[PDB]
Each structure stands twice: as structure tokens, then as C-alpha cells.
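What follows is each chain in one-letter form.
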Amino acid sequence: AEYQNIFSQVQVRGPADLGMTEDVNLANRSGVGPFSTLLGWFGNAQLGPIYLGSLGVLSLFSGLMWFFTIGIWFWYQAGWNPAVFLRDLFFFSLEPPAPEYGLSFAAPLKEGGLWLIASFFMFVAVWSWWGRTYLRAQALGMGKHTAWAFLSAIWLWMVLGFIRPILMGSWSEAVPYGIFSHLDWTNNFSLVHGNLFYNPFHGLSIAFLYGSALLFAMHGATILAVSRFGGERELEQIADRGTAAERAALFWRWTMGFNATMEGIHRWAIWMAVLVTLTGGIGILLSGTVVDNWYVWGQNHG
Amino acid sequence: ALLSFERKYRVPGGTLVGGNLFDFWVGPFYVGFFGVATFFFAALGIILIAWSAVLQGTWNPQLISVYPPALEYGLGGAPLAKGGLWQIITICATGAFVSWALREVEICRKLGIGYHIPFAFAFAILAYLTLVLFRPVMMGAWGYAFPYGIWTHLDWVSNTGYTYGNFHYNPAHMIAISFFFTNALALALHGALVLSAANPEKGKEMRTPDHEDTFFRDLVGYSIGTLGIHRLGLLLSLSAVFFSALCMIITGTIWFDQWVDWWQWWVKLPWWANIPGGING
Amino acid sequence: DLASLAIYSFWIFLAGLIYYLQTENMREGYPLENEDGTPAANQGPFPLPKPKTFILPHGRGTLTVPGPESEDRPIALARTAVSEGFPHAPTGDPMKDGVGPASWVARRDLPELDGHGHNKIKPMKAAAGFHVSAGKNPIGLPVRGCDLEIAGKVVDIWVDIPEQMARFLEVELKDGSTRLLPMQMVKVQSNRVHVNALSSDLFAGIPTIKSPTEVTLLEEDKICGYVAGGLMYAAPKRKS
Ligand code: BCL
Ligand code: BCL
Ligand code: BCL
Ligand SMILES: CC[C@H]1c2cc3[nH]c4c(c3C)C(=O)[C@H](C(=O)OC)c4c3nc(cc4[nH]c(cc(n2)[C@@H]1C)c(C(C)=O)c4C)[C@@H](C)[C@@H]3CCC(=O)OC/C=C(\C)CCC[C@H](C)CCC[C@H](C)CCCC(C)C
Ligand SMILES: CC[C@H]1c2cc3[nH]c4c(c3C)C(=O)[C@H](C(=O)OC)c4c3nc(cc4[nH]c(cc(n2)[C@@H]1C)c(C(C)=O)c4C)[C@@H](C)[C@@H]3CCC(=O)OC/C=C(\C)CCC[C@H](C)CCC[C@H](C)CCCC(C)C
Ligand SMILES: COC(C)(C)C/C=C/C(C)=C/C=C/C(C)=C/C=C/C(C)=C/C=C\C=C(C)\C=C\C=C(/C)CC/C=C(\C)CCC=C(C)C
Ligand SMILES: COC1=C(OC)C(=O)C(C/C=C(/C)CCC=C(C)C)=C(C)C1=O
Ligand SMILES: CCCCCCCCCCCC[N+](C)(C)[O-]
Ligand SMILES: CCCCCCCCCCCC[N+](C)(C)[O-]
Ligand SMILES: CCCCCCCCCCCC[N+](C)(C)[O-]
Ligand SMILES: CCCCCCCCCCCC[N+](C)(C)[O-]
Ligand SMILES: CCCCCCCCCCCC[N+](C)(C)[O-]
Ligand SMILES: [Fe+3]
Numbered sequence: 001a002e003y004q005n006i007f008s009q010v011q012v013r014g015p016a017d018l019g020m021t022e023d024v025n026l027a028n029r030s031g032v033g034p035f036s037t038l039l040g041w042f043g044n045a046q047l048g049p050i051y052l053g054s055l056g057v058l059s060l061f062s063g064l065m066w067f068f069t070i071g072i073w074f075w076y077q078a079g080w081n082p083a084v085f086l087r088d089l090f091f092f093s094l095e096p097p098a099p100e101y102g103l104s105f106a107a108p109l110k111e112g113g114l115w116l117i118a119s120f121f122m123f124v125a126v127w128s129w130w131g132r133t134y135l136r137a138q139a140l141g142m143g144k145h146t147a148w149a150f151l152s153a154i155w156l157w158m159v160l161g162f163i164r165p166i167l168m169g170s171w172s173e174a175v176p177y178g179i180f181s182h183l184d185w186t187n188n189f190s191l192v193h194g195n196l197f198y199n200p201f202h203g204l205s206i207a208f209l210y211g212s213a214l215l216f217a218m219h220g221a222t223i224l225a226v227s228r229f230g231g232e233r234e235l236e237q238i239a240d241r242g243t244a245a246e247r248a249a250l251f252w253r254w255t256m257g258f259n260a261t262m263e264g265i266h267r268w269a270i271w272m273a274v275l276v277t278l279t280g281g282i283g284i285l286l287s288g289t290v291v292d293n294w295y296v297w298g299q300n301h302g
Numbered sequence: 001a002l003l004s005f006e007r008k009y010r011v012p013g014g015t016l017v018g019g020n021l022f023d024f025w026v027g028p029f030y031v032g033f034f035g036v037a038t039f040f041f042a043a044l045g046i047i048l049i050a051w052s053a054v055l056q057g058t059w060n061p062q063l064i065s066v067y068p069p070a071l072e073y074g075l076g077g078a079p080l081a082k083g084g085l086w087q088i089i090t091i092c093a094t095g096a097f098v099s100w101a102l103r104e105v106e107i108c109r110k111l112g113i114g115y116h117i118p119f120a121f122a123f124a125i126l127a128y129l130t131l132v133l134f135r136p137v138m139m140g141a142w143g144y145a146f147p148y149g150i151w152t153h154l155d156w157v158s159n160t161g162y163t164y165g166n167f168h169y170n171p172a173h174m175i176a177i178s179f180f181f182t183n184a185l186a187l188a189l190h191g192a193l194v195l196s197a198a199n200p201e202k203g204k205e206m207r208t209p210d211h212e213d214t215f216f217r218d219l220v221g222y223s224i225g226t227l228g229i230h231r232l233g234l235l236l237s238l239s240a241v242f243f244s245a246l247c248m249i250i251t252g253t254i255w256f257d258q259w260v261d262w263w264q265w266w267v268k269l270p271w272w273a274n275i276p277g278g279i280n281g
Numbered sequence: 011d012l013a014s015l016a017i018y019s020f021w022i023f024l025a026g027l028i029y030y031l032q033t034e035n036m037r038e039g040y041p042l043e044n045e046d047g048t049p050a051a052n053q054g055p056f057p058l059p060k061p062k063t064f065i066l067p068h069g070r071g072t073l074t075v076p077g078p079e080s081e082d083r084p085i086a087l088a089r090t091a092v093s094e095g096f097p098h099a100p101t102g103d104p105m106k107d108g109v110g111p112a113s114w115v116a117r118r119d120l121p122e123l124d125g126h127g128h129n130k131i132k133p134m135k136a137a138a139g140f141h142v143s144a145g146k147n148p149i150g151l152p153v154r155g156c157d158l159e160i161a162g163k164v165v166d167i168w169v170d171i172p173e174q175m176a177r178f179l180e181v182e183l184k185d186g187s188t189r190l191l192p193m194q195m196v197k198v199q200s201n202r203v204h205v206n207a208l209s210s211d212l213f214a215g216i217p218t219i220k221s222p223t224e225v226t227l228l229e230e231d232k233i234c235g236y237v238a239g240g241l242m243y244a245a246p247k248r249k250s
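Chains as they are written, first to last, in the deposited numbering: chain M, 1 to 302; chain L, 1 to 281; chain H, 11 to 250.
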């Protein structure tokens, strides 16, 4: 056999890379972490640095508070027994308020109030993290594609835990925090709405999720196939097309009669991925608010 | 018919079968022996589907469905109208898929690129084949395969899943899903990072790969790097499919009950099985 | 019905989106061309998009796509058939001529730069203080071709500094000059580097770089193209 470029044959290392400066406040940047030779066989060895800053601190603190709020509930459900805690870890659940409490913030602590608190922390964690993806791009003079794409995941997340529950009139609609319980909730959501397989937005979401794996397998294999001509150096292939990008394009043109460019494939990529949760969010948002039963709806389209 | 840069690559050679017999193009499409094989398998397959639709009494693409032989046929042949068409169409599909991959191989050879793409496509084929061939064979009947219809294949997913309770509890299915979700996240992030560099703030210069590394390190404290991300996209999507195939091949062959029960093995470990409290006590 | 409006609307959005994506992806290589280089009569149903302009960093200028295209190099290929859609056969040595899988593109004859303006790719001796951190150090090993003869020895690794990665091996030939071998095309073994794509006689033919401490995009393409080209064109002496 010859080289397949899945794992490197030789690692090289030099001075830690502290990164571009541009408008970045360098005082908010950590130092480098350690180097991971094991990681270095596949990807980069260098860990860190990371940017912190005020938003990131707020985001991480909030996120930890969410995590700890759930975890303390689990400790409580375990009777503070570490053995029970480990045994039943996936079975524990922090559940939203019962339907009778509606949207009321006056739900009892042990009956949805703590769920509301955990949810408040998650909400600020995620939205401050979003702010971050925007500001980190801005400080570097970059486009906002990351923050734009993240917004599509946030849309599904928002629909599940916030928008749909408000439109339905109770927090009881929202998703509980537990490993198995979130699965049971997903199963049940479909059963109660007449089987999501009849929701045309769930079928789209699936086409795009499968499509994402199809397209990343294609793109990833293509780039690796032309890495012998520097194909992974995609930004320079955009600025100054090379034989890597040409052979990439022609493999596909000859295979299926059309092809992308080095820049344009990345637009196919970003849209394929964001459409998963864009269509999904719409599909979930319409369930119960507009369509009680997807089977029934499909028999009518009305 | 040709891209502006294309003519220098349209040279002879690279074929696996037939020398120069089929070494030519139709418009953008390369032919090759396996191009002709794809056409033969696909045309036959589609004709048989059309025949099946006639015997079913419908032309509606929403309704046409080609079912595998009833379980009573086991792993033998069935009358054309009672599962035999499904069996021939399955051979045509396999022949068509494999031909398509082998054509890709001929294309790789002419362009002098690596074989990564047909290698990856082969995971898709092996997953298809897990469902229609390996799993049915291991279970002892063609009738355990899915049917070829737009809506009926979905009936089959639903019915098969619910045979084992909530199929969410299949642990290999969990891993597959995590790979699918993670693949989509990485795809979105890769497309976005490249584009954010190539299309910066108004009036600014294109950013460099160094700015891509910097943005992601600033964000999460790591960057896998340009080669790493393309390796990763491939590992995630192929791992997804590997675990999909794994999760089905074990279902109805070494595991037969509600998947939810499988998790009892952890709950019942002797050092905590009988401690009161929590969910399972 | 509101779900009905939503689904019908989404499909209209999707048609729109695909149109946008397909056109974006025609920024290079279009208009399509007959095999003689003239504009093809059929261009398909998507129009070329409005040009966009990339501001290249390091005062390297600008790139506007789509725009007038040409190969900017001669192509030693001739038609084998009157009708279109047949192969163009090499008129000379396809490896020396840079056609077929040995093709190269007329990229800039300047080195790729990193984010600070420095050359991206440097011989490791010039890259402070880079070193081999894991795996077999190939420096000092004999380089073997597909004919199983020794064509030279490894005298350095050329490293991508910003990505901290081995990009080429510098190989010294019998006559004391060197060539760059792409890292993707070599197998580092314990007692040797093996190059499947080239027999020993073919190494002298690898295109040379103009300055011994840097490599240009043009030169990478010529080097990479040539080495890849040998998988098809050195198959007489392979026998791997
Ligand atoms: C993968 C595990 C399950 C599976 C469960 C699911 C579920 C759940 C769903 C689908 C859905 C889809 N499935 Mg299915 N499906 C199965 C495996 C198959 C196979 C196969 C193995 O050969 C095929 C061709 C399909 C194809 C289809 C598409 C009709 C549809 C969108 C998929 C998609 O965009 O993919 C991504 C890839 C692309 C975007 C590339 C585009 C290729 C597609 C569009 C080709 C479809 C052709 C189809 C009409 C067959 C015609 C063949 C001709 C006779 C030549 N399924 C197995 C049994 N499938 C969804 C649907 O809406 O169904 C109604 C859906 O909700
Ligand atoms: C019995 C179960 C039902 C079912 C009911 C559900 C339900 C319910 C839903 C789906 C949804 C989906 N289903 Mg379904 N589904 C069915 C079976 C199928 C089958 C199949 C049979 O093969 C398939 C392939 C799918 C596939 C899919 C996906 C296309 C889609 C989820 C997209 C996604 O990326 O979400 C994953 C991504 C997110 C949830 C976004 C998360 C966003 C961010 C903000 C996360 C922040 C995390 C952070 C705070 C914590 C990180 C910790 C770290 C350590 C830092 N379903 C059956 C019929 N399905 C979803 C959908 O959209 O439907 C339309 C959905 O709500
Ligand atoms: C009630 C339903 C059950 C369910 C029961 C099942 C069952 C049953 C199965 C899955 C399987 C899947 N489920 Mg499940 N599962 C459910 C809930 C979910 C949820 C969710 C969010 O709740 C998700 C994300 C998933 C996701 C998963 C995936 C891991 C997996 C499907 C992808 C795959 O096999 O690819 C593999 C890819 C292929 C098979 C496609 C290959 C096609 C290729 C070779 C070529 C076709 C091309 C040609 C025809 C195109 C024509 C050319 C045109 C010109 C385009 N399931 C619920 C609990 N799940 C399936 C699985 O793992 O299968 C292996 C499966 O059989
Ligand atoms: C287009 C849809 C796809 C998608 C895209 C997407 N996701 C996004 C974004 C995008 C583009 C990113 O920009 C953003 C990101 O930053 O990615 C790296 C993100 C993101 N998607 C994530 C997860 C995620 N995405 C989901 C999937 C998807 N995302 C879709 C498939 C899912 C699924 C499939 O269920 C998950 C779980 C995160 C990695 C990140 C959002 C980060 C975030 O909002 O964080 C808030 C919370 C914290 C800051 C802290 C939480 C604490 C933890 C609970 C554990 C504690 C450990 C701690 C980190 C250690 C520190 C301790 C020290 C003090 C020692
Ligand atoms: C392994 C990772 C992912 C992946 C990989 C992958 N797919 C790919 C590629 C690779 C890299 C190929 O290079 C190849 C390609 O050329 O893509 C553009 C391909 C491909 N994957 C495709 C589809 C596809 N891939 C899927 C999945 C995946 N692809 C995985 C998630 C799915 C899903 C998820 O359901 C679909 C439907 C095609 C676009 C293409 C292969 C096209 C091809 O083989 O064509 C030759 C044959 C025909 C044109 C038709 C033959 C018709 C048959 C004779 C009869 C039909 C019978 C069929 C079984 C009926 C099914 C009915 C359904 C309703 C169930
Ligand atoms: C070892 O023990 C310790 C304590 C040390 C640590 C261990 C902790 C553990 C074990 C934690 C476990 C965490 C788990 C199991 C989390 C699982 C989370 C899952 C599966 C979530 C899945 C879905 C979540 C969704 C969809 C959440 C939606 C949230 C929103 C959209 C927020 C909505 C905002 C609300 C309701 C607040 C209203 C107020 C405003 C801001 C208007
Ligand atoms: C936009 O490209 C991306 C990178 O940016 C250059 C990343 O690096 C990562 C994160 C990669 C991995 C495997 C983390 C695992 C290693 C650690 C830190 C233990 C992802 C997903 C990505 O999409
Ligand atoms: C989504 C990928 C997750 C990446 C996590 C990377 C770990 C961050 C640690 C870097 C911090 C460096 N250090 C130790 C100096 O703080
Ligand atoms: C990046 C764009 C790729 C578009 C892929 C579109 C696939 C269509 C899948 C059919 C879904 C059918 N359904 C159930 C929603 O009606
Ligand atoms: C949603 C799946 C539909 C599959 C259709 C395949 C599209 C390929 C079209 C490219 C052919 C271009 N053309 C006609 C000039 O050859
Ligand atoms: C054997 C599976 C059924 C064959 C389906 C016939 C293929 C026609 C293409 C799909 C038709 C699209 N649509 C929207 C009308 O369903
Ligand atoms: C799922 C996405 C479907 C993409 C298929 C439509 C794009 C193919 C048409 C490209 C035509 C090729 N051409 C003539 C411009 O060279
Ligand atoms: Fe890429």
C-alpha cells in the first residue's frame, strides 16, 4: 500500500502559535495549553490559547450553573448516595412544571420551578455564547457566517424549550433535562402528534441530516483525494485556483455532470447543515399549535 | 460541454476493463465500462419496478411499492409477483451501486487522485446491504428487508423500530445518532469558517488560514486545522454509517427484546443493584 | 391551512436557494467551451453570477470572478476523433509536458504566505525551532523508487509553519541537486522512504525550484502534478 492521509506519518512541532492579533484584546487571551502528540496524528497537537473576556465568563458561569442545577437535582433524586447517583445517572430527570401551572413562574421548586431556573441559566448561556461567536469573528475582521449558522441550531433549541411551550400555553410542553427522559419525550412527542413521519418538515430535516453526512463524506474524501496537490489549503485555492481544485471539480463533473468551486462547496456545506434545524424547527413549531395530528393533516392538506 | 480548464485532463487511460472501448464522455459525464454497467443495472432495475407497478395496479410514485418475499419463503426464491421482483431489483441495485463506485475508481485513475471517494461511498453501499442482505440472511428470511416504496419504507422503519420498544434505547443507534448530529455541526462550522475567512468584513482583505485557526482557538480553545477538519468530516459521516449498520445487524440476531431492557445490566451490577432509593430502588 | 402555506413556501425558497448555490458555483470554469476552445452553444439554464472581488492580503492584489479565463500555458494534446467527447492524446512526454494526471495550473509564481507575510512553507533548517516531534524522522534515509532502485537521500523536510505539518521531503539526487517530494506521495519506512509514483530514472525530471529556500504556488503545482502523473505514466516500470 501507499499513503492514504488519514493519519500523518511524521509530526513536526515548533513554537506555540499565539494567533493573529487584529482588533483582539490580547489581555483576554490565555496562554497555550499543552501539546497532544496523540491528537497530532490526526489533527493539530496544540491546545489553546482561548479567549475569555466578559461575555465568555458570563457564558461559562451561566452554563455551569445550568449543569450544576441539574446535577444537584440528580443528587437529590439519588438520596445523596453516590452509588445510587452512578447507578441511575441516565434515569434521573429534571422535569418542567405540570400543565396546571401553565406558564406561571410560581411553580413549586420541586415541581418545575427548578426546571425554570435551570432553563433561565441555559438561555443566557447559549445566547451569550452566540454573542461570542459574533464578537470573535468581528475582532478578527471576519464574516459572521458562524454566528449566522449557530442561529439555525438555536432556532430548533428555542422552538423546543421556549417558543412552542409559550404558544401552547404551558411549560409542561418543554423538554426535560435527563439522558433517557429526553428520548422518552421525543418518542412521546411523535406519538401524540400522529407520527412525525407524516410531518413533511421532519422528512426535509431528515433529507438534510442524511444529506449532511453524504456531503461531508463527499467533500472530506474529495479534499483528501487531492491533498497530494495541496487541496486542503482551500483559502489559497479560492484566491488562486490550482490543479487540486480542478481535479476535485472534474471528478464530480465526470461522475454526476455538475460540480462546485472551492468556495462554493462551502456554501453547499453551510446550507445543507443549517437546513437540518431550520426545517426541523418549523416542523416542531407547527406541531400542536397548528397541526394536532400529522397523519390526519396528510390525508387533507388542511 | 467542457469547463474552461478541463481539456488538459481529458486524456486516455485509467480504465479498469475494456482498454479504450468505453474511454469517452457524453457531455460532462464520463462513461467507462462501469458507466455502461451502471446503465444496464439501473435500466433493468427501473423496468422491473415499472413491471411491479403494473402488477400492483398503480403508476402513482407515492403508491408504487416493491415488497420482499413473505417470511414463509425464507431465503429462497419467490414468484415474481410475490417477492421475486424485489429480489431481482435488489441484485440490479447492488450491481448499479457497485458499478457506480468502480466508475468513480476509473475516474480517480485518469485524474491521478486518491481513491477516498468511492471508498467512502462503499460505506453507504455496505449499509444498504446490511438492510437488504446481511441482516435478512442472518435472520433467515428476505422478508425482513425493507420494501422499495417512498412511504412503505417508512412504515418499515416505524414497525421495525417499535418491535423493540422505543428504538432510541439501542446503544449503537445512540452512537450513530451522535455521529450524525456531530457531523452536521462540523459541516456547518467548516462551511462557515472558510466562508468567514473568504468573505470578511466589507472592504477588508481576505483572511488567512491563520485567522481561521485563531477564530476557533479564541472560541473553543482548539483548532483541528485544515487537513484535520476534512479528515474529521469523513470520520464522523463514515462512523455514523458504520454504527447505523452495527445497530441494525445486532437487532433481531443477538438482541430480541425491548432495547430499554438492555440497560438493566448496568443497573443490576451487584455492588449497587439493591441499594434503596433513586429511580431503580 | 398554515402548515400547507409553510411547506409550499419552503419549496419555493429551496428552488431559489439551489439557483443561488448553483450560480455561485459557476464563478470558475464558465462559460463552457467546445473542445476547440470556443464558447459552447449550450450553457445550461443557470446564468453566470455578477462578479465579486476578493481583496488578496499582503498587497498581492485582487481577484474578480467570474472573469475572462485562459490556461496561460501550452497543452501538448491532440484530438483523437472528429466528433466531440473523445480523449485528447499527448503529443509528447505527458509527464514533461504537464498534461493528463501530470497537469499543472499556472498559479502565481510567488510562495504562499502566512498571516504575517512570511513564507508559509520553509525547509525545517530555516524554520525556528521546528523539529520532528513524533514518528520516524525521514532525514538521512535513502529514497527508493517503484523500480526498487535508490534515487537519492532525504536531506530535509519542508514544513508548513502555520499548520505545523510536514509538506515535502527534500531529496538529494546523485548529482548533488535536490527535488521536493510531496509528503502525500511518499511512504516513510524504518530503513527508507519509498515513492510508488516514480521509478529512480524519473526523479531527475521532477521540476526544480528557482530559489533553494522557498517554493512558489506554480512550482508546487508542477511538482505535485508531475509526481501524481507517474502513477499513470511510469506504470511500464511498476511492478510496485
Ligand atoms: C436510511 C435508513 C432507512 C431510511 C429511512 C428514512 C427516513 C426516516 C426518511 C427517509 C427519506 C428518504 N429516503 Mg429513506 N431510508 C432507507 C434507505 C433509503 C434508500 C436506499 C437504502 O436505497 C433510499 C434511496 C432512500 C431514499 C429516500 C428519499 C425518498 C427520502 C429523502 C432521503 C435523502 O434526502 O437522503 C439524503 C441524500 C440526498 C439529499 C441525495 C438525494 C437522493 C434522493 C433524493 C434519492 C431519492 C430517489 C428515490 C425516489 C428512489 C428512486 C430510485 C429510482 C427508481 C432510480 N431511503 C432505510 C430503510 N428515509 C425521508 C422521506 O421524506 O421519505 C418520504 C425520510 O423521512
Ligand atoms: C419515536 C421518535 C420519532 C422522532 C421524533 C423526533 C422529534 C420530536 C424531533 C425529531 C427531530 C429530528 N429527527 Mg426524528 N423521529 C423519528 C425518527 C427519525 C429518524 C429515523 C426513524 O431514522 C431519523 C433519521 C430522524 C431524524 C431527525 C432529525 C433530522 C431531526 C433532528 C435534527 C437535529 O440535528 O437535532 C439535534 C440538534 C439540536 C436539538 C440543536 C441543539 C442546539 C444547541 C443550542 C445546543 C446547546 C447545547 C449546550 C447547552 C450543551 C452542550 C454541552 C457541551 C459539553 C458544551 N428522526 C421518530 C418517528 N424527531 C427534531 C426535529 O426537528 O423534528 C422536526 C425533533 O424535535
Ligand atoms: C419509530 C422509528 C424509530 C427508529 C428506528 C430505526 C430503524 C428501524 C432504523 C433506524 C436507522 C437510523 N436511525 Mg432511527 N429510529 C428512531 C429515531 C431516530 C432519530 C430521532 C431524532 O429520534 C434519529 C436521528 C435516528 C437516526 C438513525 C440513523 C442512525 C439511522 C439511519 C441512517 C442510516 O442507516 O444510514 C445508512 C444509509 C443508507 C442505507 C443509504 C444508502 C443508499 C445508497 C447505497 C444508494 C442509493 C442511491 C440511489 C437509489 C439514488 C437514485 C439516484 C438519484 C438520481 C438521486 N433515528 C425511532 C426511535 N432507526 C436505520 C439504520 O441504522 O439503518 C442501517 C434503521 O434501519
Ligand atoms: C446547523 C445545525 C447543527 C449545529 C450547528 C452549530 N452548533 C453550534 C454552532 C453551530 C454553527 C456553533 O457556532 C457553536 C459552537 O461554538 O460550536 C463550536 C455551536 C454549539 N453547539 C453545541 C452543541 C450541540 N449542537 C447541536 C447540533 C447542531 N448544531 C446541529 C446539528 C447539538 C445536538 C445535535 O443535540 C448539540 C449538543 C455546542 C458545542 C456549541 C454551543 C456552545 C454553548 O451555547 O455553550 C453554552 C454553555 C457553556 C458555555 C458551558 C456549559 C458547561 C457544560 C454543560 C459542561 C461543563 C464543562 C466546561 C465546558 C469545562 C470548563 C471548566 C473549567 C472552569 C475548568
Ligand atoms: C457513507 C456516508 C454517506 C454517503 C456517502 C456517499 N454517497 C454518495 C457518495 C458517497 C461519498 C458517492 O460518491 C455517490 C455520489 O455520486 O454522490 C453524489 C453517492 C450517492 N449516494 C446517493 C444517495 C444516498 N446516499 C445516502 C447516504 C449516504 N451517502 C451516507 C449517509 C442516502 C440516504 C441517507 O438515504 C441516499 C438516498 C446517490 C446520490 C449517489 C449514488 C448514485 C448511484 O449509485 O447511482 C447509480 C444508480 C442509479 C442512478 C439508480 C439505480 C436504481 C436501482 C436499480 C433501482 C432502485 C432500487 C432502490 C433500492 C429503491 C429505493 C427506494 C427508496 C424509496 C427506499
Ligand atoms: C457529579 O455531580 C456534579 C453535581 C458535580 C456534576 C454532575 C451534573 C450532572 C450529572 C448534570 C447532567 C446534565 C444532563 C443530563 C443534561 C441533559 C440535557 C438535555 C438532554 C437537554 C435536551 C434538550 C434541552 C432543551 C431543548 C432546552 C431548552 C431550553 C430553552 C430554550 C430555555 C428556555 C428558557 C426558559 C424556560 C426561562 C424563561 C425566562 C426567560 C429568559 C424569558
Ligand atoms: C470548523 O472546524 C472545526 C474546527 O476548527 C478548526 C475544530 O477544531 C473542531 C473541533 C474538533 C475536535 C475533534 C475536538 C477534539 C479535540 C480536543 C480539543 C480534545 C470542529 C468540530 C470544527 O468543525
Ligand atoms: C468543541 C471542541 C472543544 C475544545 C476544547 C479545548 C480545551 C480548551 C483548553 C485550552 C485552555 C488552555 N489552558 C490550559 C492554558 O488554559
Ligand atoms: C442543499 C440542498 C439539497 C436539497 C435536498 C432535497 C431533498 C428532498 C427530499 C424529499 C422530502 C420529502 N418530503 C417528505 C418532505 O415531502
Ligand atoms: C433531488 C435529486 C434530483 C437528481 C437530479 C440530478 C441533477 C443533475 C443535473 C446535472 C446535469 C446537467 N446537464 C443536464 C447539463 O447535464
Ligand atoms: C420503488 C420506489 C418508488 C419509485 C418512485 C418513482 C420515481 C419518481 C421520482 C419521484 C417522484 C417525485 N414526487 C414528488 C412526485 O414524488
Ligand atoms: C440536491 C441538489 C440538486 C442539485 C442538482 C442541480 C444542479 C445541477 C445542474 C448543473 C448544470 C451543469 N452545468 C451545465 C451548469 O454545467
Ligand atoms: Fe473544505
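Hints listed in this document are in silico derivations from the structure and should not be mistaken for laboratory results. Heads up, a few of these hints could be off.
Stated by the list, open to error - Covered stretches of chain H, as calculated for chain M (at least 3 residues, CB under 8 Å): (1) 20–32; (2) 43–53; (3) 100–107; (4) 112–122; (5) 132–138; (6) 143–150; (7) 162–176.
Even for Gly, the Cβ is constructed at its ideal location relative to N, Cα and C.
Hints, one by one, checked against the model:
1. With 4 residues carrying a beta carbon less than 8 Å from a beta carbon of chain M, the stretch 20–32 of chain H meets the three-residue requirement, and the given coverage holds.
2. Residue count for the stretch 43–53 of chain H with a Cβ under 8 Å from a Cβ of chain M: 0. That is fewer than the three needed, and the coverage hint is violated.
3. With a cut-off of 8 Å between beta carbons, the stretch 100–107 of chain H has 0 residues touching chain M; three or more are needed, and the interface restraint is violated.
4. Using a Cβ-Cβ cut-off of 8 Å, 6 residues of the stretch 112–122 of chain H lie near chain M, which meets the minimum of three, so the contact claim holds.
5. Counting residues of the stretch 132–138 of chain H whose CB lies closer than 8 Å to any CB of chain M gives 3, which reaches the minimum of 3, so the coverage claim holds.
6. For the stretch 143–150 of chain H, the stated coverage by chain M holds: 6 residues have a C-beta nearer than 8 Å to a C-beta of that chain, and at least 3 were required.
7. Counting residues of the stretch 162–176 of chain H whose CB falls under 8 Å from any CB of chain M gives 8; the rule of at least 3 is met.
When each numbered hint is compared with the structure, violations occur for hints 2, 3.
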